[PDB]
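Whole structure, please, built from the sequences with the hints as guidance.
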Amino acid sequence: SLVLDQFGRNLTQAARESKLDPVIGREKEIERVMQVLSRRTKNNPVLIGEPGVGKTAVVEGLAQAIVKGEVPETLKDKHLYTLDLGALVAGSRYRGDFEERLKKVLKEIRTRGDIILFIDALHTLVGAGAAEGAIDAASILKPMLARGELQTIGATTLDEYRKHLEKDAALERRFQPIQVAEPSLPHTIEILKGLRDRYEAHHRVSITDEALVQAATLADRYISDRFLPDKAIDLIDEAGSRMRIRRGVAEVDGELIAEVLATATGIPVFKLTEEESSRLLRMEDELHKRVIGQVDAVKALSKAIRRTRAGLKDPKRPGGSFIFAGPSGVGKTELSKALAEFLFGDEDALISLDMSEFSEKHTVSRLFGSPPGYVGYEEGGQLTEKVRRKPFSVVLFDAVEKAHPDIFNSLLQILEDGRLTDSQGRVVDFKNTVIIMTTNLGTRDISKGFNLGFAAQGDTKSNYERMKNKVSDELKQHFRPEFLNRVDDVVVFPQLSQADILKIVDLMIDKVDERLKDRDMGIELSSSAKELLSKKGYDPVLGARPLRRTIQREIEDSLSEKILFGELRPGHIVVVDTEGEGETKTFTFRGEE
Amino acid sequence: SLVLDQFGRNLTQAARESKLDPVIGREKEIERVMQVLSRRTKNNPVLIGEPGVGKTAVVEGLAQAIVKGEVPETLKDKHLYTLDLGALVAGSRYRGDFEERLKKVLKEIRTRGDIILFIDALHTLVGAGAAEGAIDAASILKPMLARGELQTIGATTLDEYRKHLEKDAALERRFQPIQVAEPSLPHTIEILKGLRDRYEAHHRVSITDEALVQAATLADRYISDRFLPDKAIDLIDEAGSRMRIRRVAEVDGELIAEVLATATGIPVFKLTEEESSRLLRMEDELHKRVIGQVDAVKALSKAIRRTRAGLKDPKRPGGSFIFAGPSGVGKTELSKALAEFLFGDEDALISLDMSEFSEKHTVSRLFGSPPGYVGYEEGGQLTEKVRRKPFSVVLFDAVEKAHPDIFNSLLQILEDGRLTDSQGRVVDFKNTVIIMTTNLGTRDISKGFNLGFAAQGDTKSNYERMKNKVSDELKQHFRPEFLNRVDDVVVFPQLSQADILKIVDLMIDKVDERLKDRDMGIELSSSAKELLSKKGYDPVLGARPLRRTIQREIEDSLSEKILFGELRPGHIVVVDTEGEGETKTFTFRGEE
Ligand SMILES: Nc1ncnc2c1ncn2[C@@H]1O[C@H](COP(=O)(O)OP(=O)(O)OP(=O)(O)O)[C@@H](O)[C@H]1O
Ligand SMILES: Nc1ncnc2c1ncn2[C@@H]1O[C@H](COP(=O)(O)OP(=O)(O)OP(=O)(O)O)[C@@H](O)[C@H]1O
Ligand SMILES: Nc1ncnc2c1ncn2[C@@H]1O[C@H](COP(=O)(O)OP(=O)(O)O)[C@@H](O)[C@H]1O
Ligand SMILES: Nc1ncnc2c1ncn2[C@@H]1O[C@H](COP(=O)(O)OP(=O)(O)O)[C@@H](O)[C@H]1O
Ligand SMILES: [Mg+2]
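Here the protein sequences come in this chain order: O and T. All the letters of the first sequence, read from the start, carry residue numbers 164 to 410, 467, 472 to 816 under PDB author numbering. All the letters of the second sequence, read from the start, carry residue numbers 164 to 410, 472 to 816 under PDB author numbering.
To be clear, the hints were calculated from the coordinates, so they are not data collected in a lab. Check before you lean on any hint, since a few could be wrong.
[Stated by the list, open to error] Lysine-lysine pairs mimicking DSS-like chemistry, simulated, CA-CA at most 25 angstroms apart:
(1) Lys241/T - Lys266/T
(2) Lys526/T - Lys785/O
(3) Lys231/O - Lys356/O
(4) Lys330/T - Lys326/O
(5) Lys241/T - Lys231/T
(6) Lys584/T - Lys734/O
(7) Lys326/O - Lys584/T
(8) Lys539/T - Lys560/O
(9) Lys740/O - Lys494/T
(10) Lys734/O - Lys526/T
(11) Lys241/O - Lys270/O
(12) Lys584/O - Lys699/T
(13) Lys326/O - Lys326/T
(14) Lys356/O - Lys182/O
(15) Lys753/O - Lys526/T
(16) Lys560/O - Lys726/O
(17) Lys758/O - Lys684/T
(18) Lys684/T - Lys759/O
(19) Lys609/T - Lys539/T
(20) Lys241/T - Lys270/T
(21) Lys740/O - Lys654/T
(22) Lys522/O - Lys512/O
(23) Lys726/T - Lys560/T
(24) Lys182/T - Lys231/T
(25) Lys691/T - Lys671/T
(26) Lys584/O - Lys671/O
(27) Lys671/O - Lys693/T
(28) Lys693/T - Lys625/O
(29) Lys512/O - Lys758/O
(30) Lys785/O - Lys494/T
[Stated by the list, open to error] Covered stretches of chain T, going by a simulated chain O footprint (3 or more residues, C-beta under 8 angstroms):
(31) 198-208
(32) 301-314
(33) 497-508
(34) 520-533
Idealized CB from N, CA, C, for every residue including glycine.
Put into structure tokens, the structure is as follows:
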């Protein structure tokens, strides 16, 4: 076994002292392993599973069973060697030397006879035909496997196995797949409890069950790039290392696990703990902080989302469905961005789609995709692709009233069944998404008093009272009552206020100041300048959106030339004062030390 | 230990003898790696970064912390050595001779039990089997690596690590990645303050703190191929060497700037009074070539001054501009003038055509070959070109004819200036000028005189209405999360009359250069220029037909006269108009 020792590791004597692992809850797969191994022919098991799943745990459990336990005939005292293809290429200046030692080791097995082999992730000795320079030593074992002289067990991943191993007929014929899936939360709890003994033996730690539960929950929630039964081990080992490095027996709690996860990635503690009810209450000010002034809108949205987050509804419909009725330049997009930022921590967690160009018939195809064999099949629909990229996001529908009704049908199954099927055949889930439909229906009379012809002065307070009823009736008459029944809430955006414009301009000015402080520049605005920018930068058919260009045209353009001229030196504060009256008012800059 | 000394080096004794550079501002990295090594599983830490950032520096910091005694138990105080692969490979004529030495070394290090090994470029030790003639000696280390009786620390880059260590699962269960990052400006300044004593002693020179900070800043902002701790130290060494080779020697800001000016060429100047002064009248310089569009160049100048004075956000590049004019009226020439003005030459505007970047897989080769792609060497072109010439202009022609997903990459271009291509290594676009030229801004205006008798005309609302049309068309045709993240959309209308005369002057100057190549010259009267302007004016076709008109009416006659022999070297041709009305013709007189 010298060649085996050079390019592999034996398992039977290692498990004879049993210094590998205590197997937890993997009896059925191991029994199936013996079942497949006992076959006269086709006795080449392969375990398909993700890297997080403990497929090697099954193999070492088999080794432990062979060492001690119930083992049927033709399987007792079978020496099991794991082979690493990354080591077999040792000293391979040219390709032939690889196969020479390959034949030497295989004749070593044939002389040995009582050998069971375990392979690595596979599809590197047989799937090497798609690479340049890699060793394609595939048919090396085919005659010996066909003659039944050698028995081996492999392991792969399901998708890659289907995309390589299902191609060649000989490989798929002489290999029996065995499915290993991700263990659930309780199973990981018993696994952690079983490994806690060895972890406390190695790391001088005292581990509590609540700490293990918190570790598993945090690993499942805040980590998704890895699979379940490894990240808990990583967290507990890192916590043990961090406590031992700090070190007249110490203990670990859930606080240490949360701190470890935060240090790995994420904000320190806080959100990693359980504060949901208090998390919702502090949300109210946060929304009223991001958008300056909605009162009823934010209140209704908050009440709806607090209601829906208290778990009562089954996971068959999305978290929330809202219809934002209001004119442009009010802040519906800003409110949606703020809600997404609070709920998921990312600004880009919003998916914005405009329905003004979805009016005709066939355009709706690009919202789903195309049938196979036609243009635009490689890329799916915008909605389906963007949703399947980010399962936790907020869907936004701009100008819904202009969209063609057919998509509403799919919207129906979005709002009732909570899932959709794309043209590629996959399934996209909308359970964790919140759907918002922005609309401007009924705001034309509110925004513009004159509609077409001879109008009187009228009033402006009745709409201020019954805007919600007006928009509800307008949506009921314009659209199908069933769809309005499916949707959950309606939120109406009233007109802006001058003081709100003052807060907006204050935010823009101090955003400028916090970055211009690098040169130690202070910016001061007079109240006259505030009102002048408010009047110039506001427009009823545009709202507060022209302000971003207005201040840039007014302040930044003059500031740039004033700085570049040299009249202003680092370490000064500029105060803005308006010179003139009415349209002749001009912003002027006064420098102070 | 003869085996260690013959084929490896000692850092603990060297740290005890104090023969290496001091370590400053790397406490977090060393704490992280030394707590990683204490893990029960995956206890073999591997450092992932780029060369010259301080991998050896943090390793020496670990060795120093070990030798000084400010370390805890659980390896307490022991020996950390490094393996020199050059000594191992040398003296091994055959593979059997090579492997028998490695196994002996590993057996000794395992038997002593108080030795921790360090290697550099770990990718070679584990991934040499994909190429012929390279020894992949991982089998020497793999068994006892998996057995947990051998501990090693590795240094590797992110490309090699991603392509070698993430692929194999077996080692991925044993190596823990730790990221090491390039230090900030204060940390680099502290490193230079640490190394100044040694470099002054060796070079017999003196260096000022102002020189240190200026060198760090210029290395940060004017060099992209290298890294801050890797480039500033080398540039300081080169400046000291120049000062010593010139002849107490002292170096100032002028020397520490001129050394880079000589090294990288293209003597771009620092923030100077002349540089700011020329920007206040640069519109006139841009009008020396571009004629007939003052509002567009004024907007461009406003944007450039805003982003140059230090008023625009640092998150954006030097500028993002969308040109959506018709054909043959602007663009291209404007970009050339801007490049010549800004980056002191015409070699800028590396330029790309988007129309051939239409298929999805084409988008692949513009930004790096994916793993498994046949011919992996076929990486990105834009990334490499920008990397090699960071101070150039990027100009994409016909952005309409392009695959949509390429426009995704542009989001990382403007939002961050960072592309971090997989095998393209560092892709930093820093402060560059990005110009997207498209032909979707073409409407019917000159023909448009409205249905009706009418009697009126306005030339003011043109820019605002064209801006509205172009903005609406772009918003309808394309997503807004990229349209909002752009500096400006510079749109200009068709060239107007009374601008043709300057264009005629420029083209006549070019023709005059062509004649002067053969020792000749050309000059025209105002009547000839106005006749050419009248004959070659096309409202919608732009200034292109003017060149054809000159070609038909001017140098065809010149060519036939030269061939006939009437015109000879050392002559000047005078062009006049003869006749009246539409019957005016050109007359050529050759004089000495
Ligand atoms: N109430 C508000 N709170 C914060 N910002 C606002 C508000 N109203 C307008 N803005 C500003 O206006 C710009 C975007 O316009 P806004 O958020 O009003 O659009 P919207 O009304 O949601 O859009 P739509 O035109 O689709 O109705 C941003 O600069 C944003 O800061
Ligand atoms: N305003 C101008 N000033 C100077 N030259 C001009 C001007 N307008 C057009 N030209 C000349 O017209 C020719 C074509 O100009 P240019 O290459 O800039 O056009 P373009 O609009 O970018 O091209 P395309 O036809 O691909 O849209 C050049 O010879 C250029 O010098
Ligand atoms: N049923 C189980 N009982 C005990 N430990 C387990 C079990 N399943 C997984 N593990 C542990 O999870 C860890 C990671 O699984 P591993 O076998 O490395 O997966 P893979 O083989 O895909 O890399 C192993 O070290 C193992 O100890
Ligand atoms: N953070 C740092 N602390 C101490 N020295 C540093 C640091 N960063 C860079 N250096 C110095 O830069 C020089 C080159 O760095 P180098 O060791 O080649 O980096 P790497 O190990 O990443 O290749 C070294 O001599 C080192 O002294
Ligand atoms: Mg052009």
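How the hints compare with the structure:
1. Under the criterion of a C-alpha separation no larger than 25 angstroms, the hint pairing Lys241/T with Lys266/T is consistent with the structure, at around 22 angstroms.
2. Restraint check for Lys526/T and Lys785/O: satisfied, since their Cα atoms lie roughly 13 angstroms apart, inside the 25 angstroms limit.
3. Proximity of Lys231/O to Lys356/O is assessed by CA-CA distance (about 23 angstroms); at most 25 angstroms being required, the pair is judged to hold.
4. This hinted pair checks out: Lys330/T and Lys326/O have alpha carbons roughly 17 angstroms apart, not beyond 25 angstroms.
5. A distance of roughly 11 angstroms separates the Cα atoms of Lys241/T and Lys231/T; the hinted pair therefore holds under the 25 angstroms criterion.
6. A C-alpha spacing of about 40 angstroms is found between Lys584/T and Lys734/O, which places the hinted pair above 25 angstroms, so the restraint is violated.
7. A threshold of 25 angstroms between alpha carbons decides the hint, and for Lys326/O with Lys584/T the separation of about 22 angstroms falls inside it, so the pair holds.
8. As the CA atoms of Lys539/T and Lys560/O are separated by approximately 21 angstroms, the hinted pair is consistent with the 25 angstroms bound.
9. Distance restraint check for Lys740/O and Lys494/T: the Cα-Cα separation of roughly 22 angstroms lies within the 25 angstroms cut-off, and the hinted pair is therefore satisfied.
10. Restraint check for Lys734/O and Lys526/T: the C-alpha separation of about 21 angstroms stays at or below 25 angstroms, so the hint holds.
11. For the hint linking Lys241/O to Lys270/O, the alpha-carbon distance of about 17 angstroms falls within 25 angstroms, and the restraint holds.
12. For the given pair, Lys584/O sits about 21 angstroms from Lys699/T by alpha-carbon distance, which is consistent with the 25 angstroms threshold.
13. With a CA separation close to 21 angstroms, the supplied pair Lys326/O and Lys326/T stays within the 25 angstroms bound.
14. Between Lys356/O and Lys182/O the CA atoms are separated by roughly 17 angstroms; this keeps the pair inside 25 angstroms, and the hint holds.
15. Distance restraint check for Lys753/O and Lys526/T: the Cα-Cα separation of roughly 24 angstroms lies within the 25 angstroms cut-off, and the hinted pair is therefore satisfied.
16. Proximity of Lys560/O to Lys726/O is assessed by CA-CA distance (about 18 angstroms); at most 25 angstroms being required, the pair is judged to hold.
17. Between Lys758/O and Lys684/T the CA atoms are separated by roughly 24 angstroms; this keeps the pair inside 25 angstroms, and the hint holds.
18. Distance restraint check for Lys684/T and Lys759/O: the Cα-Cα separation of roughly 20 angstroms lies within the 25 angstroms cut-off, and the hinted pair is therefore satisfied.
19. Between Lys609/T and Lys539/T the CA atoms are separated by roughly 22 angstroms; this keeps the pair inside 25 angstroms, and the hint holds.
20. Proposed proximity of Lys241/T and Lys270/T is supported: the alpha carbons are some 18 angstroms apart, at most 25 angstroms.
21. Our distance criterion of 25 angstroms between C-alpha atoms is met by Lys740/O and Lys654/T, whose separation comes to about 22 angstroms.
22. In summary, the hint linking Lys522/O to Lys512/O is supported, as the alpha carbons are separated by about 13 angstroms, within the 25 angstroms threshold.
23. For the hint linking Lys726/T to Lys560/T, the alpha-carbon distance of about 18 angstroms falls within 25 angstroms, and the restraint holds.
24. Taking the CA atoms of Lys182/T and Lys231/T, the gap is near 14 angstroms; set against the 25 angstroms cutoff, the hint holds.
25. Taking the CA atoms of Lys691/T and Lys671/T, the gap is about 19 angstroms. The hint holds against a cut of 25 angstroms.
26. Annotation: proposed proximity of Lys584/O to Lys671/O is violated, straight-line Cα distance about 32 angstroms (limit 25 angstroms).
27. With a CA separation close to 24 angstroms, the supplied pair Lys671/O and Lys693/T stays within the 25 angstroms bound.
28. Note on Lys693/T and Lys625/O: the hinted pairing holds, with a Cα-Cα distance of about 20 angstroms set against a maximum of 25 angstroms.
29. Simply put, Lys512/O and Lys758/O have alpha-carbon atoms about 23 angstroms apart, close enough for the 25 angstroms limit, and the pair holds.
30. Only pairs whose Cα atoms come within 25 angstroms are accepted, and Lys785/O paired with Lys494/T is accepted, the gap being roughly 20 angstroms.
31. Restraint check on the region 198-208 of chain T versus chain O: 7 residues with Cβ-Cβ distances below 8 angstroms, three needed, restraint holds.
32. Residues of the region 301-314 of chain T lying with their CB closer than 8 angstroms to a CB of chain O number 7, which satisfies the three-residue condition for coverage.
33. Here's how the region 497-508 of chain T fares: 4 of its residues keep a CB closer than 8 angstroms to some CB of chain O, so the rule of at least three is met and the hint holds.
34. Judged by the Cβ-Cβ criterion of 8 angstroms, the region 520-533 of chain T is covered by chain O as claimed, because 5 of its residues qualify and three suffice.
Violation of the numbered hints given earlier is confined to hints 6 and 26; the remaining hints are satisfied by the structure.
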